[PDB]
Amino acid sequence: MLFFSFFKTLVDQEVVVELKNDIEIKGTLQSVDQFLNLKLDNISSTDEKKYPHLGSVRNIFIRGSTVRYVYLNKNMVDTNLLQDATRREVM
């Protein structure tokens, strides 16, 4: 439940999400679930040719499995904290 807890400190912030597509979506993060499914808000994809409806969409909610990467700024969370939290995790 570490990565789940991670993101909630990431809610309400801008980020990009590279799908297994190679597709990239940028938006403000609005929610996560322990499934690491992602909900975003201010959409703007890179390949605005294949998905021409991503313009008229208020909300998009993304299934975790589809995800490949999530890209964030360095200033968004603690490397020492992550590392520390990861150490404590049983796993």
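So that the term is clear: the rigid core is the largest set of C-alpha atoms that superpose within 1.5 Å between two forms. Residues that one form lacks are left out of the comparison. Positions refer to the first chain, counted from 1. First, how it differs from the form deposited in another entry.
- Fitting the two forms on the rigid core leaves the C-alpha of residue 51 displaced by at least 2 angstroms between the two forms.
- Once the rigid core is aligned, the segment that moves between the two forms, defined as three or more consecutive common residues whose C-alpha shifts all reach 2 Å, runs 45 to 54 and is the only one.
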Second form
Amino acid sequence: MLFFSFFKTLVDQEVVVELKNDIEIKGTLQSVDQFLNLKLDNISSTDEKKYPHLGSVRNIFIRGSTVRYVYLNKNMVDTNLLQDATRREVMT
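In place of the form deposited in one PDB entry, output the structure of the form deposited in another entry.
Excluded here are partners and other molecules; the one chain stands alone.
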């Protein structure tokens, strides 16, 4: 439940998403779910080569199981909040 909480505070913030199959996509995080699925509004191209076969599409749904990376800015995130929250989380 912790990373769901993390991703909720990122709504309305531009993020880059790297999918396992080497697809990279810039977008505004509009929505997040329990599986960490993502909905990105105002889609844009970070890399020339990696970027897939889109165009008119400006809104996408990304399956959480297929993401490798979500690239953030250090100002989007309070580190100490993250740390104390991880410390709190129980893993058993």
